[PDB]
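So you can see what is in the structure, the chains are spelled out below.
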Amino acid sequence: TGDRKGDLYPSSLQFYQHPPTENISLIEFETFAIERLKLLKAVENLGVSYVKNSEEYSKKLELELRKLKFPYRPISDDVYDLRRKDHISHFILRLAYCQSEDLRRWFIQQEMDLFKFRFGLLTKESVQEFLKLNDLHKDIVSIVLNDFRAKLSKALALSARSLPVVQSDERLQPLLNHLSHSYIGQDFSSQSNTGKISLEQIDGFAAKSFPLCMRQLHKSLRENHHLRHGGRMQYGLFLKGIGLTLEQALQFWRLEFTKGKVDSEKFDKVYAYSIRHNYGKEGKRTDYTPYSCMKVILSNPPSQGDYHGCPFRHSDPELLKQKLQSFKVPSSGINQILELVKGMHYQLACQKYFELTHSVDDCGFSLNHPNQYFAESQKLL
Amino acid sequence: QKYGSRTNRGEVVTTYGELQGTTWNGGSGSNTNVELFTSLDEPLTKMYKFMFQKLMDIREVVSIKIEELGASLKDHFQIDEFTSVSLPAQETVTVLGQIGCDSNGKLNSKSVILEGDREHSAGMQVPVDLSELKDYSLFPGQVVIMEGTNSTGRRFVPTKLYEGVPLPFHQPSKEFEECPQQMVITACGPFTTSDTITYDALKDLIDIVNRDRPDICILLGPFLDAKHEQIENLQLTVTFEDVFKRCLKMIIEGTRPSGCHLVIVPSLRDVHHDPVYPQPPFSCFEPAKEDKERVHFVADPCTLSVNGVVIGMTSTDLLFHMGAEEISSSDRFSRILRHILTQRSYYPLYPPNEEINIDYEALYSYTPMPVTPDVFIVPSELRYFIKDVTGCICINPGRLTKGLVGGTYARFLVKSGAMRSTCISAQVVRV
Amino acid sequence: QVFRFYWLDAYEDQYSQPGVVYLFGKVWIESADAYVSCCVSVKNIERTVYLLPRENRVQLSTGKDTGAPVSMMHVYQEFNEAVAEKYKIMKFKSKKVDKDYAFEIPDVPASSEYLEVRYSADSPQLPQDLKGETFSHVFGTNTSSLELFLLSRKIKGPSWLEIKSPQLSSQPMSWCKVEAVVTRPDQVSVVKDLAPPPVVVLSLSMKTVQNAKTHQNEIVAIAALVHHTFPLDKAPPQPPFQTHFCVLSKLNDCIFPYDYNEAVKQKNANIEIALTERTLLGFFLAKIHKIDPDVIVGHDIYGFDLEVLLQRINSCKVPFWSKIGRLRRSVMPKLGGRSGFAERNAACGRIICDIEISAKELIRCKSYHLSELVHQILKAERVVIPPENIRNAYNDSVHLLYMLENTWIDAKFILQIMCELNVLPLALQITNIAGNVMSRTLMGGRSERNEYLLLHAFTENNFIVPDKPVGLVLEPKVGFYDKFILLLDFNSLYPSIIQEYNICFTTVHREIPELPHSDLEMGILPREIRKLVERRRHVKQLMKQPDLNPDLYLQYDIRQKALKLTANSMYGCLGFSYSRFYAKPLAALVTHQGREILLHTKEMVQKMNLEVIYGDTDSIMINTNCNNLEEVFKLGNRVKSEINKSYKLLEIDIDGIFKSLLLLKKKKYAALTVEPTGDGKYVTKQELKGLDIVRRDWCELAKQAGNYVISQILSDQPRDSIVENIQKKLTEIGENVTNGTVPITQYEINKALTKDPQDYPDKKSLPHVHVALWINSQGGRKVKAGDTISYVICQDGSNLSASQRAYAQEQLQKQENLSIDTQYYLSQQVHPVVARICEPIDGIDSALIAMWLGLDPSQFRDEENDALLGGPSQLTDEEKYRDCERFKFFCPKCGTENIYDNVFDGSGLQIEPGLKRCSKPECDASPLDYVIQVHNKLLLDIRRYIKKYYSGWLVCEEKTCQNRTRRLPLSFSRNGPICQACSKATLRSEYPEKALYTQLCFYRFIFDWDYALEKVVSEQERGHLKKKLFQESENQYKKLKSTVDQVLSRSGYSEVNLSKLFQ
Ligand code: SF4
Ligand SMILES: [Zn+2]
Ligand SMILES: [Zn+2]
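Protein chains in written order, with the authors' numbering: chain C, 16 to 89, 94 to 155, 217 to 461; chain B, 159 to 488, 493 to 581, 587 to 598; chain A, 339 to 808, 841 to 880, 893 to 1243, 1251 to 1452.
Only chain C is shown next, with the shape it has when bound in the complex:
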């Protein structure tokens, strides 16, 4: 209790009943929103991958909570800060996750999971403290959760009823209207130190380091000696992300197109500018930024004759299975992947593929960007 603290945050766990009343900064608002979105997405991924009672689930969830600095263990100023984070972020996400029933459900599920986890970490004393502060062994959590869920649903309804007051705040519209579709990985626009890649290496990379989304495009570029706009962008930007320099890319594409229905002059007049912009820092931020998994999955769905997109999403399941068979991946693994695809856990499916191809049970990272994929592959060499 240094300067401006109080008894507003007695216990770690809370039912999130009283909205915050403070005046925070826009930077704090955005940071809290994104951090809790990362936490909830991690919760969802771990729930899909592992059994919620498993020790792996607990270890990974504790690691994520420590990384994002959220309350997980049972009043020092720092502790107070964390709790405040939790309290504000939650409501921010409420504002983000009340527009559509689907979203609401998703939010609720994740929240419940988190709450359960936290309850599992409460010592009996602390547990009783909680049960007192809110005017309330293995089975008790269930009842608590039931109550929580009731409350939360009600709250979300109320939030959906109070949406018009928030839409007028342009500052918060881009975030809240699109938080569910917000990329939460690392940045690849600024290469900084991406290493030096020779063109001769690229083919070899496509064997094992390129994720399927890029691999397919590579194959097309080496078969038809041409890619359509979508693909041109996707793949080229990926190449930028893996370290190809502008000159290098100009050579690459040049040769490829020159191998069919294109001469040098044409490449200079029609296509070169594209690549140049891909390597520039002016545009709409979709021209020089390597595309993320979500960008590839939820935007620009390929049409017939278009070889871009996410294979785990935009390819017919049966076809995908055939493709995996062509890669000689063990049948059981294929089944796993397909199951994940049926759950719309496309990124996770890709992750499983990675784990199989590199023969590592645990990859040690969460897949959210093709370039990340590549980098991890190279780290495993």
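These are computed hints drawn from the structure, not numbers from a lab. Fair warning: there could be bad hints in the mix.
[Claimed, not checked] Pairwise CB distance ranges (calculated):
| # | chain 1 | residue 1 | chain 2 | residue 2 | range |
| --- | --- | --- | --- | --- | --- |
| 1 | A | 1123 | C | 249 | 51 to 61 Å |
| 2 | A | 959 | B | 212 | 17 to 27 Å |
| 3 | C | 95 | A | 1412 | 27 to 37 Å |
| 4 | B | 218 | A | 924 | 46 to 56 Å |
| 5 | C | 219 | A | 959 | 49 to 59 Å |
| 6 | B | 262 | A | 1290 | 27 to 37 Å |
| 7 | C | 398 | A | 959 | 48 to 58 Å |
| 8 | C | 231 | A | 1427 | 37 to 47 Å |
| 9 | A | 1412 | C | 242 | 49 to 59 Å |
[Said to hold, decoys possible] Here are some chain B residues pointing at chain A (derived, C-beta under 8 Å):
| # | residue |
| --- | --- |
| 10 | 193 |
| 11 | 249 |
| 12 | 268 |
[To be verified] A few chain C residues that don't get close to chain A, going by computed Cβ distances all over 12 Å:
| # | residue |
| --- | --- |
| 13 | 16 |
| 14 | 20 |
| 15 | 59 |
| 16 | 78 |
| 17 | 89 |
| 18 | 118 |
| 19 | 131 |
| 20 | 143 |
| 21 | 235 |
| 22 | 277 |
| 23 | 298 |
| 24 | 325 |
| 25 | 330 |
| 26 | 419 |
Positions of the beta carbon are idealized from the N, C-alpha and C atoms, including for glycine.
Add chains B and A with the ligands to chain C, keeping to what the hints say.
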């Protein structure tokens, strides 16, 4: 050099009212009660967060301004119904709106447009044809009611322009019936010569204050002018706040012998203060315990009550801003002052001049004139004057310094309930 | 005696004659074997009022319940003693009734017993807020006589009515052939199942001229086309008219041509020559009286024709103005005021059909001016005689006859548009379904149409009707789509929501109210909507029957259209504030449910691998991503099925298909509309919406470039071929311009002078004004307003803006020092016209187009995608501050500019704070010594940026307008202020709040020691900078950052009030 050797020191350049002796004396603020005019609306006394204006909020503020003034005028004139400005009108209809210019230049008789409010016109505009109006005086942002016809649906032709209606004067309470006449000395910045930062004119004015012992001294900004040649070219060796603190200390400490209530009004040209209108009061100076009751840091604009006499004051150069845009069919300053009084705002010009930053929510909350002031202090780059506009004594004391040469100040005597002659006498005098 | 007549219109004058309503219609006369107009006066319509008893008697003086149970005898006694005598009510009939109430007045039970008092209309009117000790509220005080009559006798729209014991009027009250009076409203009964009679339709057009002196419009010609037997249930006749008349007048000292009479006679037409406007108006009134049209159809008749007619009648002092209507009126109606031009009832008893309103209701068009309607509905061309030519037509008889024939052709076009749209049968069906007056059906706007449906429904179910008062958008995904595009009509969204969720005045408690429980039975409003939907379904099923009479097919089609229109318009009763049934809670609930449905539909379509490129409560635009039409239809059926699964009552239809679509905005696109001809083969037609350029000062070069770009986009080619062709043409045009192979006539820019050139406030920035001033200075024909100035921007070696370098073509050919400014003609004429169509294409930007044209791209350089790539909150510092000005400080010693963009400068052990050493190697001055000057410059820069923000400069988002103004107009669209130069695009802030916030954040960033050490600086550099020898610099940087922190603390953009968000 030029200022120090001037020969017209103390010359009375303008006079109004009862003739007084060659020397003026005051009560040293003994039987004086100075406060902010207690109206329905709360006054601006502290900084308000700014730099965040939504276009919707500006639209709402402008529309409600038009609507409120039009409602008052409709009740006063017993007008039956207002009609949408944009709709065609074969017969004569009464329309409420605000004047504007169809382009970015200065308004002229062939570039006038009337924009209606959201309630009666959905915010639609219409060109105006002033061929059938025999007499008019229009400036942008002026809320007007006109009788006219729109036969083509594309050009409104006014035939009558309703006159403005000023607010009623203040009815003072008897609490100040026995108080004596109060002396007020008002001066406006800049207070230092163009090529100096020593505040010689301010020292002369402080000497005048201590000599005459006025009851109130109204000092209007700027106190550290942003257009001062030294300030713009970055030749100052001390921070702006330090120069302003030195100036305020000089003013307050130097006026200690006079015991005179000081009313400090900020200016948009104050390089050290927040550049927004309505301007909040200065808050970077804490007067000593012996001067707290004497110094009044007020906002721009300010409505002051002095023993029941209501004095309106603004540092903004309203006459210069509106003189550049007012168009008339055939005294121009008197017309502009009457426009200000009838619009009931300390800044009715829309869009504003290029030199003023307007926060429109604060403008809506704080610019409205509570009543018609007994005295209206309006410093201007234009020539000094003392005019009687609809019973209000509008005083332009000029500026204390005019470039390299000394300027002028004003002194007037106010008593509540005198004779309506609340202003006994007034004089624009040289420094 | 029984009087059978088919009624069409009704008129009520509450102020003049209380309790009397006039009904106008058709009566069959055997002596003439024809239908004639008749007016029936229904008098003695009693005021009906309902007094609501209290639970316990209340002393009005004290307002405290007395605890005495109040029977209805107490209410009767109080009314007879206190209310009756206090308001001069002599005779009345009281009764006990049971009524329901579920509307917006607090403390009225859902069902209760009321005291119904009926008393004559000549007695005074009780106050609306009347209250007594025994009764709490009074309902129906201001109910109109016509409403009481229609609801009492169950009269639903035009129909055959039988009158028992009709009387004869003492004196004529109408301009109708037959008159009758009924003493009691109960004598009028509704006959059923009989066919409507034919009606007389008169299509009216008139030519007027504006008087520059009197500022009034003088009617100079009138043409009328009359059909005496017009069907309301059959197909429109061919030809649409039988007779016609025309009247022509001289324009007040504009004498007729010498042989006007001979030419008119030779024309062998029904043309009447009037020597004055007064005679013309008298002739017109006489003809309207004699013909006696049941329907008068015109274009802008309510807003222009009728108003001008009345003004010219009262200006020329023409008697018997009321002959325009059917009732004998002495005083002209009050001006429109708030109600509007239509709700003035100038032609009382005649149905006035304005094809503008009817077209706006029944057909979509780019504009609703008569020429556009003629082009779109009749596929014809309409000739507009310029105003300056109408008065010049009085020089030759041929020109005058041409003007009169133009008026006749306009009347013919109006009648043809009315017949083609089937406005009258549709109006009849809508009136019958709703049960209102047909005149108000054809008036449109705020006139009562569906309020009457609800009134009938509630009255039939023992309700006390209220007294008369006295949407998420999925923003367009701008871009080019070479795949088929599906348009789905969601107009049935709100009625479907009302049905499915049982939203009603009786099922929802009145913050958005919670949905009614499923246990509740269907409400009245959902029941009415269900009845309409089921009726339309039944009519459609009957239509599906093969081998059916075409006449019955047309009847069923009209009925189905009317049912759909009524069902879709039902929501307005709850939503519109002016609505008689306005219920803010119900409208809010319906809107919220609509939002939910729209978002869920977007999610479904996305899950189907398709793209929703636009969405509004009325429509959904989806990207099918298919090259086959059969697959497009399959996907449409699949989308309909998926939607219907989650919402059974939401029935969707395909409104159109586009093969290609360049979309910039709803109402702003180019497309290839697909009309399928059956068997998998279709025809494509170009459709450009909202691509017209308001500004007409464009050189032919730019116009041709834009036309070619649109032609390339609207070709069936893939994206790559289109882009290649566009690049080819742009490079060709640039090379031609730079090679001087372009004809000079194509560089000419024509602009109209709307004022005297000296009267333009912005004359300096206007080139056509410059040229006009030059022309006037020369000494030839002076150029006044209305003149067209032609100019070419030429380079003359003057270092003056393009506006000043504007020259007439002859001057360019003569001077020999003048050359065409090719750079201007490529950057300011071709580039905007081309980029407004090419920028939406992904991969093409303004810089690329400039490069192709041969210019310098340096001079020309979606929230969903930003989120997909990180969002606005996860940007790097370089990208976050790339548009911010860097801190410029001039060294006091050497005077060289120092640009600061980071806290630290250099790499490795050579890294030091930026303000430690001057940028000039020969300069040893340390800016850290002059930190007072740095502070002052920082404050001045902050003042400069705040001034820039508060300048409030707005620029039009349209490339072809780019209007720059300081004035914010009160006229707003859904997107923001509407630009007053073009009236079709939004004004955007030149320096938005985000720009100022980011600038201040950047100035804080360039002085943030701690942040730079953690993020920007490396490890070895951090170690080298985290020692002594920099503590003083650290302190000075902290002090400098304190200034920007102080400024930002006073900014509202940097603070979020969580109290306002969560409540
Ligand atoms: S999950 Fe990401 S990396 Fe894997 S195939 Fe899809 S887009 Fe590529
Ligand atoms: Zn230097
Ligand atoms: Zn515009």
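Do the hints match the structure? See the list:
One distance hint, 51 to 61 Å for the beta-carbon pair residue 1123(A) and residue 249(C), holds here, with the actual separation near 55 Å. Hint check: residue 959(A) to residue 212(B), Cβ distance near 23 Å, so the stated range 17 to 27 Å holds. Checked against the hint of 27 to 37 Å, the pair residue 95(C) and residue 1412(A) passes, with Cβ atoms roughly 30 Å apart. Between residue 218(B) and residue 924(A) the CB atoms are about 53 Å apart, so this pair conforms to the stated range of 46 to 56 Å.
For the hinted restraint 49 to 59 Å between residue 219(C) and residue 959(A), the CB-CB distance of approximately 54 Å keeps it satisfied. The hinted range of 27 to 37 Å is satisfied by residue 262(B) and residue 1290(A), whose Cβ atoms lie roughly 34 Å apart. For residue 398(C) paired with residue 959(A), a C-beta distance near 56 Å keeps the hint of 48 to 58 Å intact. Between residue 231(C) and residue 1427(A) the beta carbon distance is about 46 Å. The supplied range of 37 to 47 Å therefore holds.
Against the hinted window of 49 to 59 Å, the Cβ-Cβ separation of residue 1412(A) and residue 242(C) comes to about 51 Å, which satisfies the hint. Because the closest C-beta pair between residue 193(B) and chain A is about 27 Å apart, greater than 8 Å, the hint is violated. A cut of 8 Å between beta carbons decides the hint on residue 249(B): the least distance to chain A is about 6 Å, and the hint holds. Hint on residue 268(B) holds. Least Cβ distance to chain A is approximately 4 Å, under the 8 Å limit.
Annotated as non-interface, residue 16(C) keeps its C-beta farther than 12 Å from every C-beta of chain A; the closest such distance is 21 Å. Every CB of chain A lies more than 12 Å from the CB of residue 20(C), the least distance being 17 Å, so the non-interface label holds. Listed as a non-interface residue, residue 59(C) keeps its Cβ farther than 12 Å from every Cβ of chain A; the least gap is roughly 17 Å. Remark: the non-interface label on residue 78(C) is consistent with the geometry, its nearest Cβ contact in chain A lying 21 Å away (cut-off 12 Å).
In this structure residue 89(C) is separated from chain A by more than 12 Å, as the shortest Cβ-Cβ distance comes to about 27 Å. Listed as outside the interface, residue 118(C) is inconsistent with that label: its C-beta sits roughly 6 Å from the nearest C-beta of chain A, within the 12 Å cut-off. No beta-carbon of chain A is positioned within 12 Å of the beta-carbon of residue 131(C); the least distance is around 21 Å. A cut-off of 12 Å between C-beta atoms confirms that residue 143(C) is not in contact with chain A; the least separation is 34 Å.
Listed as a non-interface residue, residue 235(C) fails to keep its Cβ farther than 12 Å from every Cβ of chain A; the least gap is roughly 10 Å. Residue 277(C), annotated as away from the interface, keeps every beta carbon of chain A farther than 12 Å; the closest lies near 22 Å. No beta-carbon of chain A is positioned within 12 Å of the beta-carbon of residue 298(C); the least distance is around 20 Å. The claim that residue 325(C) lies off the interface holds: its Cβ sits roughly 19 Å from the closest Cβ of chain A, which is beyond the 12 Å cut-off.
Separation of residue 330(C) from chain A is adequate, the least Cβ-Cβ distance of about 16 Å exceeding the 12 Å criterion. Residue placement check: residue 419(C) keeps its beta carbon more than 12 Å from all beta carbons of chain A (closest about 18 Å).
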